[PDB]
Amino acid sequence: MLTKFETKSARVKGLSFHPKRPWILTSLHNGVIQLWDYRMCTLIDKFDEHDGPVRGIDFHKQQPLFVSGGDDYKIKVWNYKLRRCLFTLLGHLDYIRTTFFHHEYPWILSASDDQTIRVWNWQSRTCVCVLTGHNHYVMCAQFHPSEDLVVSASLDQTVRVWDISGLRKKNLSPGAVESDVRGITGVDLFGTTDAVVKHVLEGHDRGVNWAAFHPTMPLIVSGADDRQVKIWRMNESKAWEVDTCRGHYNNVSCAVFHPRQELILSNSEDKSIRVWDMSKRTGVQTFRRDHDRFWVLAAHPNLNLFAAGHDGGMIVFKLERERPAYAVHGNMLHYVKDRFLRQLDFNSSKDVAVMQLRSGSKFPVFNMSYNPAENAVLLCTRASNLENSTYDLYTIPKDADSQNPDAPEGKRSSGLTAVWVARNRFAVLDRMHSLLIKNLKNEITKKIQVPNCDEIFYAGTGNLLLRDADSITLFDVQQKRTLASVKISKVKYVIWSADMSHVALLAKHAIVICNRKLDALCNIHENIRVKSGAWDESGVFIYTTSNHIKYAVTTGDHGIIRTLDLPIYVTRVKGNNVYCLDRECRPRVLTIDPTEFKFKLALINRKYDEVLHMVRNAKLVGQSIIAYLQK
Amino acid sequence: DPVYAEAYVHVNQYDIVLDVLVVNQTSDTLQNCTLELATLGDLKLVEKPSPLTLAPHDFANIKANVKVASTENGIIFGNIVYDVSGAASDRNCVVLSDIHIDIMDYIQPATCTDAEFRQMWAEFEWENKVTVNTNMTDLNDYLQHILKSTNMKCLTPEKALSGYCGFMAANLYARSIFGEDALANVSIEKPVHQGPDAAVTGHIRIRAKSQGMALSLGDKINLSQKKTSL
Numbered sequence: 001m002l003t004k005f006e007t008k009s010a011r012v013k014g015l016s017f018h019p020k021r022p023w024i025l026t027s028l029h030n031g032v033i034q035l036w037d038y039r040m041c042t043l044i045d046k047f048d049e050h051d052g053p054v055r056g057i058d059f060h061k062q063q064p065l066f067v068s069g070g071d072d073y074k075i076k077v078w079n080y081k082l083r084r085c086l087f088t089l090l091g092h093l094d095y096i097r098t099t100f101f102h103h104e105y106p107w108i109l110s111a112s113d114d115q116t117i118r119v120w121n122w123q124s125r126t127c128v129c130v131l132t133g134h135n136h137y138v139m140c141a142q143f144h145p146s147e148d149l150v151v152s153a154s155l156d157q158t159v160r161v162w163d164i165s166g167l168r169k170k171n172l173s174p175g176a177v178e179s180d181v182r183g184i185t186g187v188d189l190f191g192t193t194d195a196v197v198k199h200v201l202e203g204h205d206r207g208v209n210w211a212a213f214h215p216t217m218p219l220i221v222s223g224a225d226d227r228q229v230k231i232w233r234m235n236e237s238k239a240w241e242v243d244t245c246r247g248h249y250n251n252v253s254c255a256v257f258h259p260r261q262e263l264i265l266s267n268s269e270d271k272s273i274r275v276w277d278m279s280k281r282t283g284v285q286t287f288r289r290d291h292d293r294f295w296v297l298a299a300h301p302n303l304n305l306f307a308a309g310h311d312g313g314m315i316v317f318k319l320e321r322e323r324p325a326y327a328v329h330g331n332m333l334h335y336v337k338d339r340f341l342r343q344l345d346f347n348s349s350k351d352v353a354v355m356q357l358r359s360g361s362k363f364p365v366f367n368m369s370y371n372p373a374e375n376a377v378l379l380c381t382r383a384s385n386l387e388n389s390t391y392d393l394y395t396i397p398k399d400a401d402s403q404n405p406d407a408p409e410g411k412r413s414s415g416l417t418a419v420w421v422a423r424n425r426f427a428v429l430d431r432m433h434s435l436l437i438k439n440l441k442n443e444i445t446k447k448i449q450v451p452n453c454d455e456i457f458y459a460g461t462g463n464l465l466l467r468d469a470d471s472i473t474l475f476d477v478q479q480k481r482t483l484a485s486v487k488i489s490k491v492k493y494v495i496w497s498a499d500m501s502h503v504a505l506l507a508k509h510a511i512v513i514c515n516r517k518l519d520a521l522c523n524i525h526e527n528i529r530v531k532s533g534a535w536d537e538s539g540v541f542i543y544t545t546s547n548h549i550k551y552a553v554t555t556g557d558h559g560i561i562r563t564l565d566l567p568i569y570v571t572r573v574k575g576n577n578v579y580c581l582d583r584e585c586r587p588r589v590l591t592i593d594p595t596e597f598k599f600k601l602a603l604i605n606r607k608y609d610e611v612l613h614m615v616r617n618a619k620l621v622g623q624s625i626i627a628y629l630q631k
Numbered sequence: 632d633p634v635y636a637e638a639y640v641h642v643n644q645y646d647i648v649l650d651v652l653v654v655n656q657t658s659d660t661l662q663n664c665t666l667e668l669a670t671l672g673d674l675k676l677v678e679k680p681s682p683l684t685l686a687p688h689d690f691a692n693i694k695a696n697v698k699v700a701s702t703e704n705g706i707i708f709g710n711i712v713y714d715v716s717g718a719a720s721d722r723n724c725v726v727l728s729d730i731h732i733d734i735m736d737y738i739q740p741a742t743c744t745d746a747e748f749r750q751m752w753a754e755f756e757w758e759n760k761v762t763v764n765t766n767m768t769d770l771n772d773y774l775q776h777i778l779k780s781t782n783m784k785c786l787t788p789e790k791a792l793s794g795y796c797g798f799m800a801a802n803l804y805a806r807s808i809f810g811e812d813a814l815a816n817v818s819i820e821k822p823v824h825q826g827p828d829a830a831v832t833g834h835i836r837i838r839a840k841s842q843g844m845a846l847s848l849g850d851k852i853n854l855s856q857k858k859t860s861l
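Chains as they are written, first to last, in the numbering used here: chain A, 1 to 631; chain B, 632 to 861.
Worth flagging that the hints you see were computed from the coordinates, not collected in a lab. You may find that some hints are simply not true.
What the hints assert, rightly or not - Pairs of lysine-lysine residues, derived as BS3-like cross-links and limited to a Cα-Cα distance of at most 30 angstroms, are as follows:
id, chain 1, residue 1, chain 2, residue 2
1, B, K779, B, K790
2, A, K631, B, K858
3, A, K81, B, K679
4, B, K790, A, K81
Chain B with its partners taken away, still in its complex shape:
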């Protein structure tokens, strides 16, 4: 419509913030509908610019701050239905459920003593694993990339050698914003001429408390793993 509203999300530092362009290229501060607040996850949405005019030929920035540490809603991965309403110069609108709400980001790296670790590794919520196998790179650059992407930790090296092969299994740990600790041992082949690694066939073993997020994390990482057309 003249009124075209375009919007995307910007998550700028904790705060997932809503860029909205409602552009009302309308022929007037056309009447506007209705909007509703809610508890969200460890967030709650929390602002609406008050008016409801769709000012003529006019462009507007409508900001929604979201509250990023509260409102539990357990509708995982978000993907929760959201409403913009048809309630005034509007007969309809958008009701939307979100998608676009993923993990790789959330968790931060976190750390451990290795013996205890091992013991723990085994000990943890075993229940998820996903496989590493396939890419576009060596796990040097590739590993770094993945690491940065998820913002997460590989705890320690043994020099055995991530180079000549290595035939290295890398142990990774991370802790998030709402505090889950997640453990990995992924054991991986690694690039190098007619030696081995341009796939893996390494297994990524994922432990996160719910299997459902945990596996999903293994996936998420799987998405993360490579670089291709989303």
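Isolated chain A, as found in the complex:
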């Protein structure tokens, strides 16, 4: 959706994205190591680790620290946060590619680009492990599935996979049947970097730029020093696996797996990033945007962001389905991600994306609408523009890939989008790649109606009709004469107080509160182009207010119920078991505590008992007497 910030500079060999933070820590072979905790578009520190080049970047594994490597040959761990050096050893005859931190007796592993990597005890001083099996110049060193099992990629044209021990390398085994590492149709070669038949895999492909692992798995996704970046699965080991990854023009420095995405991202040198599948695999497309020279690609293990690294420089792009679809079922919120997965009600520790049988932020959505029941939803998938998509409508009791056409809380059919329209029971369905009207008394509805064909606006987006009408326009099932349009506007959604009758309105930036239909009760505006505020039902105004979560207003009252928890936005109100959202994370299930309602009523009847009883007692937070306690 947006590439938040972008200047091309840096000639980048090594890279990492913060699995915890939206940092990028970047290694240039300018000799530079940089941590920028990328969030606030600001570098925390920048040390050009030595005069010579810098190849390596790896995680310590903790929260915010770098373990770093230069042509110094030195393993440094320095905490940005603590701006200090943790324990120190230099390095052999080449730089350090991967590191891991362990702790029987706060104990340490260091992975290196030369010769050996040594694993050291500073407590009850003994040897956990010795790794020989590297030579010089490691492009991409890796922890395996078993984290402390590993792979390395070399400019010595080998790959090393090692076995470790608590008293140096060894494994005991005797049950298997054939091997995929090497044992049936196809398979790729051993290299030489070490000397024990674990598997030294052949890193010859003019040398290997990157190696990347498959967690439980031994598939590797690779950057290679050949146009050929050749993919091999050692969880298969295909033939036409002797695949050379092809640009149009030269190279494929890297091509990578994204933890989450069952895909390959390739990047190259004709000025390009090239786009690849890996779910059913195939070169999708090539994308060109300069830099005829790169060596890294990355997708966050935080998965926050995604980015591609190059010689001439770098780019980070940010994703969103700015604003994205919903359904309500008792004391529960449904979301469809702008970015981010579920978060479809209730919470438990830090942030929880709601994973349920009512998969919300997940599918390939054109549109999502509750089909009210505490037991039903209607859903369009395959999203997008087509002739038409599929909608598979699902039961809250148990959703499915497509639920039963037999069942009418499961039905699927074909159709592109389904959309509400005003004077509430007519609907739009698109079941042609254009204007079908959908109209039903029921809102378990899936109805098809070409009459009301009326283009003069060709298939696009609106929801009480607003192909940017800038009005919500009311109709029946055919007509060639407007009933009427009212000039008011939407988020491109109209908010109903649960089902399909909310005179509480969304607007994209701003949202307006109405009672049902246009009665502009009050009109909301804020100016942060991000969050939410919530209604319980028709116009119950909850507003989020910092680490404080607030009722904007009730009866004649205003109140702080309970207090927020870093950013949250009120989305809306699912029952008493309260639900809150920052956008799609930074979330709540919540024991309530209203303030105000009770209050202007209470107040109105002079009544205090409650407050008192709560023993609730502010008046200042900046102030807080100023609702009317000032007045």
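With chain A's structure known, arrange chain B on it following the hints.
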């Protein structure tokens, strides 16, 4: 968290002062993290209540005085990243950049001889203007309101008449706390039955040395101009 901390800013007389409620409704003077000092703008933040316990079920007032005449930091409009840290009974915290730091307030009214003024008006940093047009009021009440809001000066009247129309252009001057003088001529229609003014279509000409603050001021005032849901 039990520990709920709520905070807002109070700027009480020069001093922008930090109301903090850290309420530690914690189950103990839970360990607390870390905080860091800094030069600020013509201010510097300057206090921290020392301890780092998040005393159980307990409420606390944590005060930050800020130093309001020094610490240049040129991160305009403030909006500078600030840290409360995750450094002890805390895994995270809040890192925040501020927003909420605006102009209309800062500048005080200030004054001039008109001929010289005109000469000057023209002379000044021309480079910013914003338009006045639209509201909820007559520029009598409206003007007064705006004036008070920014705490700034309109230098002089000619009786021509801010009433029957007027077809008056109002010249305004102000000087701030860190001393910029800002000049305006806004020329405005003005309310009155089937005569003219319930919009303006008056142009607010803003001169302030940097265009960036200056225009921004024109905006700021634009925010100021009307009265609606922030």
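Check your understanding: Which hints, by number, does the structure contradict?
Key -> 4
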